[PDB]
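Based on the provided sequences and hints, a complete structural model is requested.
6 protein chains.
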Amino acid sequence: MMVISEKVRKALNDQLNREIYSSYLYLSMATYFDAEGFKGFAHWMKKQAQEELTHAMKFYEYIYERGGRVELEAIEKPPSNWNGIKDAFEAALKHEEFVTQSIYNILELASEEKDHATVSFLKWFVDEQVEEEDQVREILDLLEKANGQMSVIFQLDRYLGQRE
Amino acid sequence: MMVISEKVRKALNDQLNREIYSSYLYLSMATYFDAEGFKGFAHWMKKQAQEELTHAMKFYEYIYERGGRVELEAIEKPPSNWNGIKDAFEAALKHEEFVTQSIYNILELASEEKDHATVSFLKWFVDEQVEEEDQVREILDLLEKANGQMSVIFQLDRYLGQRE
Amino acid sequence: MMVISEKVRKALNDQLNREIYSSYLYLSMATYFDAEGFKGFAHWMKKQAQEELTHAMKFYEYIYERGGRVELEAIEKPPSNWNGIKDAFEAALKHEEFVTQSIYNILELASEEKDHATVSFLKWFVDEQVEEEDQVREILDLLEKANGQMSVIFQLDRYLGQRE
Amino acid sequence: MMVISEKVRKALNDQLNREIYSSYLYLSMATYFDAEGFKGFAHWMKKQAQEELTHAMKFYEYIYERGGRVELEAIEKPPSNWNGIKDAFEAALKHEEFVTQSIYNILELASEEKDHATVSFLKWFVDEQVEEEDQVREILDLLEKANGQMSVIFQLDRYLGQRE
Amino acid sequence: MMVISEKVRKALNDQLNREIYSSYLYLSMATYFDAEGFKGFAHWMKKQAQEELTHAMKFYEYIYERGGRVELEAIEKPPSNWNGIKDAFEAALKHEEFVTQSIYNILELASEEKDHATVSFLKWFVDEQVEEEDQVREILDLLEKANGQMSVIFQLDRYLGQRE
Amino acid sequence: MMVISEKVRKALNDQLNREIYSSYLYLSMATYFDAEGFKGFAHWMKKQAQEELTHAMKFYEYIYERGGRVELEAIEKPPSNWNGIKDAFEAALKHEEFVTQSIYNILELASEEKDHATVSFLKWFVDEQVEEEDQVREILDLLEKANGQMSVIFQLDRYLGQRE
Ligand SMILES: [Ca+2]
Ligand SMILES: [Ca+2]
Ligand SMILES: [Ca+2]
Ligand SMILES: [Ca+2]
Ligand SMILES: [Ca+2]
Ligand SMILES: [Ca+2]
Ligand SMILES: [Ca+2]
Ligand SMILES: [Fe+3]
Ligand SMILES: [Fe+3]
Ligand SMILES: [Fe+3]
Ligand SMILES: [Fe+3]
Ligand SMILES: [Fe+3]
Ligand SMILES: [Fe+3]
Ligand SMILES: [Fe+3]
Ligand SMILES: [Fe+3]
Ligand SMILES: [Fe+3]
Ligand SMILES: [Fe+3]
Ligand SMILES: [Fe+3]
Ligand SMILES: [Fe+3]
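Protein chains in written order, with PDB author numbering: chain C, 1 to 164; chain F, 1 to 164; chain D, 1 to 164; chain A, 1 to 164; chain B, 1 to 164; chain H, 1 to 164.
Quick caveat, the hints were computed from the structure, so don't treat them as lab data. It is possible that part of the hints are untrue.
The list makes no distinction among identical chains, and a pair is therefore deemed to hold if it is satisfied within one copy or across any two copies.
Below 30 Å or equal to it, Euclidean Cα-Cα: the simulated DSSO-like pairs (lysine-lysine) are [said to hold, decoys possible]:
hint, residue 1, residue 2
1, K58, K123
2, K123, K145
3, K39, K10
4, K123, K10
5, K123, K39
6, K145, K46
7, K10, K94
Okay, structure coming up:
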């Protein structure tokens, strides 16, 4: 039997599909950075796309552990172009903040239903969104300092290109 | 400057998006196998989904190597249900055969344009599809022989669950 | 001096004795499986009994860390017979769900008292109960596929019999 | 089929439940030592509790080895308050001597029925009881010599807290 | 941009400065223990002072991760004398309970604002205050047993002087 | 019995408290570098804050070695903002030179009282201050040559961020 409500299952399944789109959106940013010839920024975005899949699969696992089932939905076409490196990371930040609020909405839903298991499960994502948002903000602040200057941009590209 | 034609770039880009859908489809099969309590078959499908992403990234890399750009498209909602283990693997064989013909069409289009670079590049995928189809056929033959004997199905699930 | 309320200390002490009974209940299931000649299912239940003692000792330590004292209560006699292997694991699942709800009751009591320490302490058990219930549901699902087939049940017995 | 008599099976089963109570009694002494702030004495009692469970499981194995079956009974509530350190260990000695006589009674019963297998099996517990009693007598003699001296009690607590 | 409210930022910053004062308070207790010739107690306090600084730096990091800024405030002069070792640990316990309640007040503030990131971040400190209070309570209980006796106090001094 | 004069003990104690303030000042400079997004400069200041604590503890241990006692005093609130990176390090140089003169003043006071042990103890701090001032002057020189060039400032931030 399923021991999460259908409302909570739908919220979690929706979020899993949102993590899939996040992976896809960051791959799309990679296609933009590669088109612009910044392979280190593109590498960072390919690593980011893989990271989002690990998020999706943690939602996947929990849904089945609570007796639910995962339904994959259509993935919408992401944008494929941004107006410079900074613009792409600014869209990344607005996306991560939207993901954070999406996760907050599940937490308050599960809290209202006294679904302590799901509330507790979501703590890891609450903490991970803090780091996710900070990692983008950190890059945005370095890009602000870089201004338009290619010598600094190249430094960031090499540094981000080392992401493990 | 792009040294593949736009027609070949489009066909390669379509195939990249088709490998992405292939990954999504096999994840969908995993959701079905997990829902049915067959974690070993689900594990195999999750590994298959990752194998398809390596195919997509090989197309990704070739497109940029020839001066083109990748555009990610919407990904259709995959089926989420099958009438049994055999039915899902039969659908996988059909999907792989379709991928093989899709690759064939690019090969023939590249050949008519005398794009020997792309023709040569696709040889890897031609040989990989022979193996991809064979690996599903092998599993189908095992399921056929098992008939419906759960004891043998349990062993197959465990075996496929050891996929590296 | 004690820094949990007496109401919370009693709720935690009750839950400790509840975990001791759970251990005893699972050892009793071991006596049934050994009586039926399923040493692998018995082995799994003996490991489960030890696992419940580790739960009891975690409540033990926290009670003393909060300046409380533990008082052991009489342990009721458990059932010693079930109507087949599946009926015993169904009894185990229902028992775990009652354990989960008992823990939820402590969590809501502590939360009402603004005993943030005990609320936080109980998160570990909220998460463990997710896993505890899932581990039983997984065996139940495998038993349902086994139907009655001794060839399948032999496989399950040897698989569970290797639990570490 | 069972090759011990029911009278011998019941006696062995009674002793198994008696060893479970012994383990519970020693855990209760630990709750007392922990309440009094003697973690080393409490550690010794937790170790003793686990040692008693190995005794119970030896009776468990032997009962099934002779075709019998184990029935777990209710476990009585142990005392939880002693006058002081030495009184707890004196209660342990009297309990171990009661356990020894209880084993003597099974030996004489099995001997009267010419159940030489059960008589032989019990030799290990006879020899183990000599050591069990001796190990408590040694601690009692240290506590008697200590008289009330807290500095000695501290060293004894620390020594016993090292039990493997 | 700062994604904690100014009310929560100020509560976190206040607490950072309280952990700094806590470090300075324990260093002062070390100056007292060293003046009294108890180098083991002094060593424990120097280690405690470093431990408090790790708490301050965790608040520091989280404030910057949420886009806030740390402002260091004046540090008040601590007491430098106590009426014996036991009086000093009584003051330590009083101080830790005040730190615990200070953390609870932040938790309830962030909960009221639905600042789930800060609520979750604070769980680590809720759990650590449980241990912090218990470690002082333990030493106080042993000093109560010691009464005045130098033979017991020398044991505590050398044991605490092994703190890593 | 204290074998330094009270005047020398107070001068040594004043200096200990000034090394504590130095630590706190450098931590405040870290808060400023972190606010400005230069984590490598902040790291260097955090390491510098720890170094000043080792200076404080050397004064601590010598005071007790000579039979004296340490009294911790209030710590003034440090500045928390500077007019750029160079302005912060110039405040650091000025503070280090003030620390050197402060040490010179103790040396001359002890020399006047013929406290050869304290004069000799201070030689280490005389030599360390030479290095301390020079390490700041070296960074100031690199900043002067860097002028405003963000490209160079990025490299200096990363270099100083390697400080062990
Ligand atoms: Ca990340
Ligand atoms: Ca393959
Ligand atoms: Ca388990
Ligand atoms: Ca023994
Ligand atoms: Ca710890
Ligand atoms: Ca601690
Ligand atoms: Ca230095
Ligand atoms: Fe994510
Ligand atoms: Fe993300
Ligand atoms: Fe493929
Ligand atoms: Fe394929
Ligand atoms: Fe449990
Ligand atoms: Fe359980
Ligand atoms: Fe025994
Ligand atoms: Fe015994
Ligand atoms: Fe602290
Ligand atoms: Fe503390
Ligand atoms: Fe210094
Ligand atoms: Fe300095």
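Please sort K123 with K39 into within, between, both or neither, judging by C-alpha distance up to 30 Å. between (34 Å within a copy, 26 Å between copies)
Intra/inter-copy verdict for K10 and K94 if alpha-carbon distance must be at most 30 Å: Answer is both: 24 Å inside a copy and 25 Å across each meet the 30 Å cutoff.
Reference check for the pair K123 and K10, CA-CA at most 30 Å: within, between, both, or neither? Both: 19 Å inside a chain and 24 Å across chains, each within 30 Å.
Up to 30 Å CA-CA - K10 versus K39, copy category: This pair counts as between: shortest inter-copy Cα distance 22 Å, intra-copy 38 Å.
Within a copy, between copies, both or neither: where do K145 and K46 come within 30 Å Cα-Cα? both (24 Å within a copy, 23 Å between copies)
Indicate which option fits the pair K123, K145 if close means a Cα-Cα distance not exceeding 30 Å: within, between, both or neither. neither (34 Å within a copy, 35 Å between copies)
How do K58 and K123 come out at 30 Å by Cα distance, when the copy is not named: within, between, both, or neither? both (12 Å within a copy, 18 Å between copies)
Hint compliance for this structure: hint 2 alone is broken.
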